[PDB]
Amino acid sequence: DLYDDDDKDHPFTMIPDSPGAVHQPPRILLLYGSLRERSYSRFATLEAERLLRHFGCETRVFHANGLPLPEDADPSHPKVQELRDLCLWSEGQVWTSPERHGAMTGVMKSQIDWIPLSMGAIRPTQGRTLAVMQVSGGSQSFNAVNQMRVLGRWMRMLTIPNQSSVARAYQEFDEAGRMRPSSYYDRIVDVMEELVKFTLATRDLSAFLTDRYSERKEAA
Amino acid sequence: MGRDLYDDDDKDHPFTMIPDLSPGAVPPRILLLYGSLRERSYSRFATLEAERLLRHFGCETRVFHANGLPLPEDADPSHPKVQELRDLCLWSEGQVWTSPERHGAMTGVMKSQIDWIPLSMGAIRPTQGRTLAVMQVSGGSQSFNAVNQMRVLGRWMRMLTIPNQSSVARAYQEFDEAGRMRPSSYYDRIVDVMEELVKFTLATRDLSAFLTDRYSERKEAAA
Amino acid sequence: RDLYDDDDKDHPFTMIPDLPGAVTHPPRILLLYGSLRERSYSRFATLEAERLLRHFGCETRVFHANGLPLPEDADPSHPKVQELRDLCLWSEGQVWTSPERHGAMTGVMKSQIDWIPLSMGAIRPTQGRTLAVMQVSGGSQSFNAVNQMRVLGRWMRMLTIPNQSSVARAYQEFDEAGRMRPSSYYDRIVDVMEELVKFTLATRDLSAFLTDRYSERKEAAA
Amino acid sequence: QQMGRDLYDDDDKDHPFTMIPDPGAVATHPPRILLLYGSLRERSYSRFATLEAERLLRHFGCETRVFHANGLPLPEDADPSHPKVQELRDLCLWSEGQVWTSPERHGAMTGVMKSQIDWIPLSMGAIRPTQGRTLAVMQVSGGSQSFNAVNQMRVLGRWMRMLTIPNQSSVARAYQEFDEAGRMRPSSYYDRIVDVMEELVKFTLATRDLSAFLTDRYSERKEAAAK
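Protein chains in written order, with the authors' numbering: chain D, 24 to 40, 45 to 51, 63 to 258; chain C, 21 to 40, 44 to 49, 63 to 259; chain A, 23 to 42, 47 to 49, 61 to 259; chain B, 19 to 40, 46 to 49, 60 to 260.
Calculated from the structure, these hints are not laboratory results. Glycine included, every Cβ here is placed at the ideal spot set by N, Cα and C. There may be inaccurate statements among the hints.
Facing chain D, a subset of chain B residues (Cβ under 8 Å, in silico) [claimed, not checked]:
| # | residue |
| --- | --- |
| 1 | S72 |
| 2 | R91 |
| 3 | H92 |
| 4 | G94 |
| 5 | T97 |
| 6 | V99 |
| 7 | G104 |
| 8 | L105 |
| 9 | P108 |
| 10 | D110 |
| 11 | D112 |
| 12 | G144 |
| 13 | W192 |
| 14 | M193 |
Calculated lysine-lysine pairs in the DSS-like style (CA-CA distance at most 27 Å, straight line) [said to hold, decoys possible]:
| # | chain 1 | residue 1 | chain 2 | residue 2 |
| --- | --- | --- | --- | --- |
| 15 | A | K117 | C | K117 |
| 16 | C | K117 | C | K255 |
| 17 | A | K31 | A | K255 |
| 18 | D | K117 | B | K260 |
Construct the entire structure; sequences and hints are all you get.
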C-alpha cells in the first residue's frame, strides 16, 4: 500500500525538497579531440577557459599527449590517473571536440572511456555539469555535440542545453590562437555563462539529486 | 566612463554579467503520452503511471492526447488541438515525453506534437527553461534510439533534459489488461526518473528566467 | 563430417552467395514529406530531384502527405494511407527529403514512414529498395535529419546510398517559382540522384536474392 | 543566360559532364578486413565475435585479415610513419569490404574504434582508402540489446563514403554467449551474425567490380572541365 501505487516500497520513498551553500567552481575542460600541433579545439578550449576564469571558476585543462588507447595499458598509467583525479576534482566539465569523419573524435571518446562510471567509493562524473562544444573545418554541423550529449547522459552528468558549433574554425583563430570576434565566440560565451550558472544552482544538491528510490529500495 | 577587459578583447564590457536572488513557489508537469494513439497503448499506460508517481511527489499534472491532431501545417494553427497543446506547454514547468520505438526511432506522433510548438511565439518561448524527462516503450529489446533522438530534440527545444531516462523492454509483458504496470526494475527506473525530474524542476523553476539571460541577447543592445 | 569449425550452423540451410533472372525504367518514388507548407523548400528540392531522375531514365512518382492523419488517428482504410503503401510497394528506390525542424526529421516525414508497416503479412514494402536521404534547412548545413533517416533506412531494411544532400539556407537557393539556382548544393543533389540510379540498377534484380537469409531458411521446420 | 548549346528543363546542368548509368569482372575471393577494435581487453567479446565472423567469412569464400589495435597511439600522438598506423592503412587499401565490431562502452562506440577510423584519411592525396568498400556494423554489449554503437558506425560509414549494408548485429550480454575458448554458443544472435556476413559478401561481390564506376560523379567530371 502506497497511496494508489502498488509496487512502491513505502519506506524507500522520499519527497523531493534542503539547505547548503559553497565557496569556489572547479571546471575541467577536455580540449580532447586533437593532439594536433595547431588544434582549433585546443584554442577554443583555452578561450572557454579565459571566459570561465572571468566568470569566477577555477579551471584545469587536461592534455592527452601520451595517453594510451583505452585498456592498452594498466590504469596505473600517469596520464590515466591524472585524468581520473582531475575529473574527481571537477564539479562541471567542458568537452570540445572537432568533427572528424562526421563524429566526435577517437581521442575524446578514448578519454571518456578511461573514466569508470564508479571508481570504488567515488563516482567521478555523476551529478557534475557538462557543456559540449565542437569545431569543424567545414559547415556548422552537430554530429559531435549530439554524440557527446548522449554520452553525457550515459555519464549521469547534467548536460546543459546550450552548445556551440564552430564552422570552418581555421578562419576564426589568428596565428597566435586567439579567436576573432564572431557570433561563434558569443555563443561560446553564452555557453560558459550558462555552465557556471547551472553549476552554482546544482553543485550543492548533487548528493541529494543522486539519492534515488531504486538505490534506497535495495536496502534489503 | 566604462569599458574594456584584460585578456578578452571580444567582449562587450557592459553586456557581461557574473553568474550569481529569487524566491520559492507553490509544480506543473505536462505529460505527452504521444507516440501511439493505438487503443491499447503501452506508452499511454506508462505515461499514466508516471503521472501517478508525479502527483504522489506533489505535482499538478496535465496529460495531452494527440487524437485528432493534424500533421504540422495540415491545418491552421487555430486548430483546437494545436492551441490546447501550445497552452498546456506554456503552462508547463517540466515535461515528460514517452514514445514507443517505431522503426527503431521516435514516432511521428511525438515529433509532430513537438513540431506544432514554435520555439518562439513572438516574445514568448514556450519550451525554454522547462525541465524534461524522456522515456520510451518497446515491443522488443531495451534500446535507446527513441530516447536518444528525444534527448537531442530536448537540446533543440532549449529544455533541461534530466540525465536518467526509462526504456521499457517488451512493454506488453509489463501491463495488465487494466493498464497498471507490474512490479519490475522498469517501474523502479520510472520512479527514479519522476523523482529526479521533480527535484530538478524545483531546483530550477524559480531561476529559469535568470538562467536564460544570455550575454549574446544583452549584447544585442543595438538601439 | 558434419561441419568445419562452425558448430552452431544447420548445414542444410547454408548457402554460399555468388552471382545469382537478369534485366526497365526504374521506379523511384520521392517522399517530399517534411513540409505541408505551401511554399516548402523540401518540396522544391524534391521536384528538382525528380527532374534529374527522369533525365537519368527513371519513372518517378511523388507522394504528397496533404490530409494524411497522424499514425492511427484514422483507419488504414484512409485513401492517403493506401496510396502511400501502394506507391511504396511500386517503388524500387526512394528519396526522403526532410527539412530540419527542431534539429531533426519532421513529424510529417516520420509519420509517413510510420504508416508503412515493415511487414504487411507476407510482403515487406521497404525491403531491398534503395534509398537516398536529403535535407533542407533554413540555417546552417547540418546533418541531423539525414543522419536520423539514414538509420531509419536500416530499420526499414532499405539500402541507403552513401552520398546525401544537405541544403543550407534553402530560402536563398530557390527563386519564387521553385527552381533552384546553380550551386554546390544543386550539384550535390545531382550527384546523389546519379548514385541512387546507379545503385538501384545494381540491386533491383538481386533484391529477392539479397533477402534470402540463413535465418529464414533455417526455420524450415517440418 | 549564356547556357552552352544543349539543355532541356535543367538550366543548371552542365550538359558536358552528364552521363547515363551503366562491365563484368571477377581478388576473386573478396578481401574483407575485420576491425575487432573497440576493446583491447584481454578477454574481449568484441574480439571473439570478430573471429567467429571471420570464420564464417572464410567459409563463404572471403580472404580475411584482422587488425589488432594493440600499441596503436591516439590519433596524432605519433608520426603516421608509425608501424601500427601504416599496417592499418595498408590493410584498408587492400580491403574491398570491412566489418566494424565495437562494444557499447558508455552508450556509444569506443574511442579505440573511432581512433582507428580517425587514423584513416578520407583522401591521402589521390587515393580514397575507404571509398566504395562495403561495410558491416556489429556491436557487443554487457547489458540489453541496444544499437547506439551500430548507429554511430552506420553514420560514420557514410562519412567514410562506404556502402553500409542494411543488416547489423547487436549481441546483448555477450558474456552469456561465449565459451572460455572464445566460440559463440548457438543463439539467434549467432544466426543474425551469419546473416550479416552473408549479406556483406553478397553486396561485396555485387559492387566491388563497379565501385570505380559508382564513384564517378557528375561533380568531379564537371570540375575536370578547366581552361
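Comparing the hints with the structure gives:
1. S72: 7 Å, holds
2. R91: 28 Å, violated
3. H92: 31 Å, violated
4. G94: 30 Å, violated
5. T97: Since the shortest Cβ distance to chain D is 23 Å, the answer is violated.
6. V99: Cβ of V99 (chain B) sits 17 Å from chain D, so the hint is violated.
7. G104: 7 Å, holds
8. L105: 6 Å, holds
9. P108: Check passed: Cβ of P108 (chain B) comes within 5 Å of chain D, closer than 8 Å.
10. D110: Given a least distance of 5 Å, the restraint on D110 (chain B) holds.
11. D112: Nearest chain D Cβ about 12 Å off; hint violated.
12. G144: 3 Å, holds
13. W192: At 3 Å from the nearest chain D Cβ, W192 (chain B) passes the 8 Å test, so the hint holds.
14. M193: 6 Å, holds
15. A:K117 - C:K117: 21 Å, holds
16. C:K117 - C:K255: 38 Å, violated
17. A:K31 - A:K255: 9 Å, holds
18. D:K117 - B:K260: Given that 27 Å is the threshold and the Cα spacing comes to 54 Å, the pair is violated.
Of the numbered hints stated above, those contradicted by the structure are hints 2, 3, 4, 5, 6, 11, 16 and 18, listed in ascending order.
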